[PDB]
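There are 2 protein chains.
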Amino acid sequence: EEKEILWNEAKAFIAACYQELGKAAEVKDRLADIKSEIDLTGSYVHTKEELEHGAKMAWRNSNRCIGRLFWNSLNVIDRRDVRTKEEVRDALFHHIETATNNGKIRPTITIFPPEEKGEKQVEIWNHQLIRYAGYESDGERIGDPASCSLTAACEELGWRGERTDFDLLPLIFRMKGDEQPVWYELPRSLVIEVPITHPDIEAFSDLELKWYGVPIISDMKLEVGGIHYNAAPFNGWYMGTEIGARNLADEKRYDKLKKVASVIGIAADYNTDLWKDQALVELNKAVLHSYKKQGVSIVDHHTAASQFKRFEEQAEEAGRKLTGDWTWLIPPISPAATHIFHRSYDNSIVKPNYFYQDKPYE
Amino acid sequence: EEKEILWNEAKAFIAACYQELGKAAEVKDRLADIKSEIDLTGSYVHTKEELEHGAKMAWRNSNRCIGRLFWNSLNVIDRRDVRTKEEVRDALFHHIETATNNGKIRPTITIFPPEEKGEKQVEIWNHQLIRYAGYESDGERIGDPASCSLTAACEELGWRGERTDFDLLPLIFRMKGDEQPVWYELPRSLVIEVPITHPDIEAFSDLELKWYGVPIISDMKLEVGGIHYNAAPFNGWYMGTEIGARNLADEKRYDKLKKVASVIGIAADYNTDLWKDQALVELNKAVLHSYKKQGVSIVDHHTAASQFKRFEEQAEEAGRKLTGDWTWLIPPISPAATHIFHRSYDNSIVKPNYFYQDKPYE
Ligand code: HEM
Ligand code: HEM
Ligand SMILES: Cc1cc(N)nc(CCc2cc(C#N)cc(CCc3cc(C)cc(N)n3)c2)c1
Ligand SMILES: Cc1cc(N)nc(CCc2cc(C#N)cc(CCc3cc(C)cc(N)n3)c2)c1
Ligand SMILES: C[C@H](O)[C@H](O)[C@H]1CNc2nc(N)[nH]c(=O)c2N1
Ligand SMILES: C[C@H](O)[C@H](O)[C@H]1CNc2nc(N)[nH]c(=O)c2N1
Ligand SMILES: [Cl-]
Ligand SMILES: [Cl-]
Numbered sequence: 002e003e004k005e006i007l008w009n010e011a012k013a014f015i016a017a018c019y020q021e022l023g024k025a026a027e028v029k030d031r032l033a034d035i036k037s038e039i040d041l042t043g044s045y046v047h048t049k050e051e052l053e054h055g056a057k058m059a060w061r062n063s064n065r066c067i068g069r070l071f072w073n074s075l076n077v078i079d080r081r082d083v084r085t086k087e088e089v090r091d092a093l094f095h096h097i098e099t100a101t102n103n104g105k106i107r108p109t110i111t112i113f114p115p116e117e118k119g120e121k122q123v124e125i126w127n128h129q130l131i132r133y134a135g136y137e138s139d140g141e142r143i144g145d146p147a148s149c150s151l152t153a154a155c156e157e158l159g160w161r162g163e164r165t166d167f168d169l170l171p172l173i174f175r176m177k178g179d180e181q182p183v184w185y186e187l188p189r190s191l192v193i194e195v196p197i198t199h200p201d202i203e204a205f206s207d208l209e210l211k212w213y214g215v216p217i218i219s220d221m222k223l224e225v226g227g228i229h230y231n232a233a234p235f236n237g238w239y240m241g242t243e244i245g246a247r248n249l250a251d252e253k254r255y256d257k258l259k260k261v262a263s264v265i266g267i268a269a270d271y272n273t274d275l276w277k278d279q280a281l282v283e284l285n286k287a288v289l290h291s292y293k294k295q296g297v298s299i300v301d302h303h304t305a306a307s308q309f310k311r312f313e314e315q316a317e318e319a320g321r322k323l324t325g326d327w328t329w330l331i332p333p334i335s336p337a338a339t340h341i342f343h344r345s346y347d348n349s350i351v352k353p354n355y356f357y358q359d360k361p362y363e
Numbered sequence: 002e003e004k005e006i007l008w009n010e011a012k013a014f015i016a017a018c019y020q021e022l023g024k025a026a027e028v029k030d031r032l033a034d035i036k037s038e039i040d041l042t043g044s045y046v047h048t049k050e051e052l053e054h055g056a057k058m059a060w061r062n063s064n065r066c067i068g069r070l071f072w073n074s075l076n077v078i079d080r081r082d083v084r085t086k087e088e089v090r091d092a093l094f095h096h097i098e099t100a101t102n103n104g105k106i107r108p109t110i111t112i113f114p115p116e117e118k119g120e121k122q123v124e125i126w127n128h129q130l131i132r133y134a135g136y137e138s139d140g141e142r143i144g145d146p147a148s149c150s151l152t153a154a155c156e157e158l159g160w161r162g163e164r165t166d167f168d169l170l171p172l173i174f175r176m177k178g179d180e181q182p183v184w185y186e187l188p189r190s191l192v193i194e195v196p197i198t199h200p201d202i203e204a205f206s207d208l209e210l211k212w213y214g215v216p217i218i219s220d221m222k223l224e225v226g227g228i229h230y231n232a233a234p235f236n237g238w239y240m241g242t243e244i245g246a247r248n249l250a251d252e253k254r255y256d257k258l259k260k261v262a263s264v265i266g267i268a269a270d271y272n273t274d275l276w277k278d279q280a281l282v283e284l285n286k287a288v289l290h291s292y293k294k295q296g297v298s299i300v301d302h303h304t305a306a307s308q309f310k311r312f313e314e315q316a317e318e319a320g321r322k323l324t325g326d327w328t329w330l331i332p333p334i335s336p337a338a339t340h341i342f343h344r345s346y347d348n349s350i351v352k353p354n355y356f357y358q359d360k361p362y363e
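Here the protein sequences come in this chain order: A and A'. A prime marks a further copy of an entry chain.
Per the entry's author numbering, the first sequence starts with residue 2, numbered consecutively.
Per the entry's author numbering, the second sequence starts with residue 2, numbered consecutively.
All clues stand as given, with none of them false.
Under the rule of at most 25 Å between Cα atoms (straight-line distance), these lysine to any residue pairs were calculated in the SDA-like manner:
| id | chain 1 | residue 1 | chain 2 | residue 2 |
| --- | --- | --- | --- | --- |
| 1 | A' | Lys-253 | A | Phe-309 |
| 2 | A | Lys-310 | A' | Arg-254 |
| 3 | A | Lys-260 | A' | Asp-274 |
| 4 | A | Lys-253 | A' | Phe-342 |
| 5 | A' | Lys-259 | A | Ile-265 |
| 6 | A | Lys-259 | A' | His-343 |
| 7 | A' | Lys-257 | A | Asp-274 |
| 8 | A' | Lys-253 | A | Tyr-346 |
| 9 | A | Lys-310 | A' | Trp-327 |
| 10 | A' | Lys-253 | A | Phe-342 |
| 11 | A' | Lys-294 | A | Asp-274 |
Everything labelled a hint here was simulated from the structure, so no lab data went into it.
Using the sequences and the hints, build the whole thing.
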């Protein structure tokens with residue numbers, strides 16, 4: 002059954018991919034080769050063209066992503082050749098450097114060897130390549146609560162954080178054959194961060210907020226034509242609300258709205274004053290201002306929604322069905338100010354795609 | 002088939018209703034009577050207790066309503082006795098008066114005779130009993146665009162609006178046997194309105210905004226135990242975002258965000274300034290302030306979400322399944338500041354319930 006699933010996924014992908022690339026005549030010969038290869042080895046190897054276009058198709062098919070207009074300009078780095086933990090580490094360092102691009106962020110994915118028999122070759126423990134640690138001991142909360150379990154796992158392995166609110170977690174991953182993951186501290190010269198200030202309110206800097214420049218998701222599996230690339234970190238640039246309305250505002254994250262209310266000079270006492278709403282707007286204005294001033298790529302939710310409208314239009318013009326998850330596509334502030342709010346979306350799963358997977362810790 | 006559907010819906014409703022009322026022993030005798038009544042007449046008549054509890058159950062089951070904590074205190078007015086258009090008109094006037102209650106709004110439903118053979122006895126044309134007219138002629142837009150088609154239908158019938166931005170539409174309804182609906186102007190003494198001012202920004206009154214006090218939905222069908230009450234207007238009090246983030250802000254409604262930005266002294270030129278978001282917050286603060294100052298009932302979205310949390314808790318304690326539509330329950334500003342955003346809801350339809358229906362015009 003294993004191999005039949007593979008063959009069926011392969012047929013569908015190759016036909017679709019080659020059609021999009023204007024290579025439809027080469028499909029039969031390619032499929033023949035693949036069938037024989039599956040016959041002998043139990044799997045098949047993507048050409049560099051297939052792998053690159055597959056990762057792009059996967060982004061295009063990601064229902065929860067508002068940023069998909071730019072799917073075709075994804076920078077795909079093929080690292081299926083890595084075999085050592087130093088090579089993995091260096092590939093991850095390289096991804097950070099080339100994606101960051103001195104602040105002019107390049108959407109990039111680095112693809113490591115795929116699962117073989119469901120056997121991972123490389124298992125990345127980080128949720129993002131750059132993320133802050135979190136601690137909760139004896140009532141006392143420090144850093145990003147979303148990182149508490151991973152932070153504890155790292156500290157079991159001999160890492161120790163300084164216990165600021167913004168400790169960078171080390172890269173941590175396990176190779177096939179190793180019982181334990183290895184970890185490596187991130188070189189600070191590779192990691193751009195942005196201090197959060199407000200365009201008009203000088204006191205905003207008293208909050209001493211900052212965030213990292215580049216979100217590099219490293220716990221999803223890329224599936225292309227039945228091949229499962231469990232290790233394939235990818236990044237875009239942030240939409241400002243991710244930082245200002247979720248990471249810094251959620252009560253189960255940095256929980257900063259009361260502090261923001263205080264520095265902008267409004268009371269945080271009455272629901273009817275809409276102080277949370279006002280604080281959200283100023284925090285989100287500060288985030289966009291701060292990234293722009295530093296020269297680090299970022300998009301606001303209005304511009305992002307306008308770009309997504311164009312993606313919708315482009316899909317229709319290309320004769321491709323559009324899929325989407327309305328609940329994730331609406332921004333978490335002013336959603337009804339976007340066209341997305343007033344439309345519906347088919348949340349069907351189309352492959353290639355990116356899929357969430359279990360974390361070894363918990 | 003008609004009658005079998007009726008009987009099946011009846012059995013389910015009576016058993017559930019009588020169980021909730023502690024009358025479970027009376028179910029068999031009541032069902033016997035109902036079966037005979039369906040046998041002879043083709044339908045059955047609800048007791049006043051059944052009708053009242055049915056309308057309450059219908060509110061409790063309304064997946065899209067955040068206000069359901071208060072389902073059991075619905076004021077149910079039984080007007081199944083009306084036969085004339087003057088009696089309907091007077092019942093609607095009465096609903097407005099008693100629901101308004103000098104500003105201390107009472108959630109109320111008035112129930113008119115049900116459909117017989119799918120034959121309506123009373124057909125209300127209004128979407129809400131109180132709503133503003135809308136006009137679009139030769140490029141020129143006045144009033145509420147959502148009311149354009151109904152406004153045009155009224156004017157076909159000899160009504161004429163003054164063409165302010167806030168003309169009250171007449172009550173308009175048709176009786177069984179009449180080709181044309183009749184209309185009646187609303188007595189202004191019955192209709193509370195609130196001028197919109199801002200707590201801190203004096204210039205806000207230059208926008209000359211106002212809204213009506215009580216939303217009285219009059220185009221949904223109440224279905225209880227297989228009986229279809231197509232005419233059964235009901236009201237609550239507003240959640241402020243309905244007025245400030247939808248009615249006054251939507252581009253296809255009053256479209257006031259650019260004007261709000263101007264009076265609060267911010268530019269409306271750059272998406273990254275989040276001027277729409279800032280304008281939304283101030284407009285919504287003004288709405289809540291203005292209703293509160295006048296002594297007209299209103300709820301903010303934070304308090305509303307907290308009440309809904311209690312409804313969720315109450316359902317669990319009662320052993321009742323909770324149903325909900327996440328896409329309507331999240332407020333249209335700061336949705337992620339509410340617990341609703343972070344939970345999921347089963348959007349199954351449970352009866353009794355309220356259902357949308359076709360409007361005779363278009
Ligand atoms: C170029 C700039 C990009 C922007 C502004 C953007 C924007 C976003 C946003 C706002 C989300 C939702 C996160 C949330 O609301 O909690 C998201 C989700 C997602 N994006 Fe994008 N994105 C970008 C690039 C990419 C790229 C390059 C890929 C992959 C090649 C990608 C794949 C996804 C996926 C898979 C999700 C869902 C993640 C999950 O389920 O946890 N995006 N994106
Ligand atoms: C007591 C105060 C009430 C509040 C604050 C409230 C709040 C709301 C809100 C905000 C909506 C969504 C409208 C939108 O977002 O576009 C809604 C929908 C709804 N409410 Fe309530 N509600 C209340 C009372 C009632 C009552 C008394 C009933 C019926 C007996 C009711 C039945 C419904 C129904 C059926 C809908 C869906 C309407 C549709 O599909 O168009 N609500 N409610
Ligand atoms: C349990 C579970 C299931 C599932 N499917 N997804 C998740 C994580 C959702 C998510 C959270 C964060 C955060 N913080 C960032 C993200 C990444 C958002 C993103 C991704 C990219 C590539 C760019 C960009 N601007 N933003 C996603 C958890
Ligand atoms: C095509 C279509 C289908 C469908 N199911 N519903 C609709 C109308 C949705 C709606 C719009 C408005 C408005 N304006 C007010 C409402 C009423 C909201 C409400 C109702 C009540 C009783 C109280 C309260 N505070 N708010 C609903 C259109
Ligand atoms: C159907 C379409 O998604 C539309 O925007 C829905 C979304 N959610 C909503 N939620 C509420 N509360 N009210 C609405 O009118 C809508 N409209
Ligand atoms: C699952 C639950 O409804 C949760 O709040 C979802 C809602 N929509 C979302 N939308 C985005 N963009 N990001 C998220 O993390 C979530 N979480
Ligand atoms: Cl993030
Ligand atoms: Cl309304």
